[PDB]
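Single chain ahead, by itself, as structure tokens, in the form solved without the named molecule.
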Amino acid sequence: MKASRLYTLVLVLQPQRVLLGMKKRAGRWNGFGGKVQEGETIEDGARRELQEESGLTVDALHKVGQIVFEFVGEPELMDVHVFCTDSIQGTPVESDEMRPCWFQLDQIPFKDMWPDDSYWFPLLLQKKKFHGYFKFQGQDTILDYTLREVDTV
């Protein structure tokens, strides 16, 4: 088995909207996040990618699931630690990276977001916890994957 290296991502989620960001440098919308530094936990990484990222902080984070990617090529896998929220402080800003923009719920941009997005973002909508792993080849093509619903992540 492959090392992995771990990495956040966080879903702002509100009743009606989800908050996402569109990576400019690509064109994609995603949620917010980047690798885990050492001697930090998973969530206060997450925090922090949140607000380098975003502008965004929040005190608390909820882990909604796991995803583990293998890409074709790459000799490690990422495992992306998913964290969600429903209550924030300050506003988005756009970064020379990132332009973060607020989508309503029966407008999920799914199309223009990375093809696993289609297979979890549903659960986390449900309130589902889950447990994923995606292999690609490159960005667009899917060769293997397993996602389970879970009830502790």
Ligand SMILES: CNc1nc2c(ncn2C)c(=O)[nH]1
The other form holds:
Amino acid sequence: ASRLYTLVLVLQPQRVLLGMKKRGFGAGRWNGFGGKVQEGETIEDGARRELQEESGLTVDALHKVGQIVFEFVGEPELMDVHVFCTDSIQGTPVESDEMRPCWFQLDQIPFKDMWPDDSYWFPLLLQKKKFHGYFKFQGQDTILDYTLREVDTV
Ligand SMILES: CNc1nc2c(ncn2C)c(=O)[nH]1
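For comparison with the form solved without the named molecule, provide the form deposited with the named molecule bound.
Everything in the complex follows now, all chains and molecules, and the chain you saw is the first one.
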């Protein structure tokens, strides 16, 4: 039993946009932009909507890059995260009460201040690879076990 989420990386040839989450799940970490998919909404439409809500950016073309399932031991619901990439956006990043977006050069990605799984799958994202992953966490800082494989079809 899993709940759908989206995650969007605005990845340009020389930088990536991340947002410092100020509240809720993952507050205090840099992350891509995303959230829960709504009833009657497609996953891609949810990804576009969340990118706007959290970053202020409008995306047209979204590319599927991965699917990652997160398990937190002691929590019944799995997070089924559909990851997307875009290099084509409109607008300028907006800081709000919920999120502080900032651009990072690719060699300065702040892995120590990101979810630990990102250290595994971001290198694949940066090399334009697609993937399926599963990360089992104990709390929010420890990966107990994981699987990650490259795929041709997300
Ligand atoms: C659990 N791992 C994970 N969670 C995320 C991420 N970004 C937002 N949230 C809530 C991420 O990259 N990994």
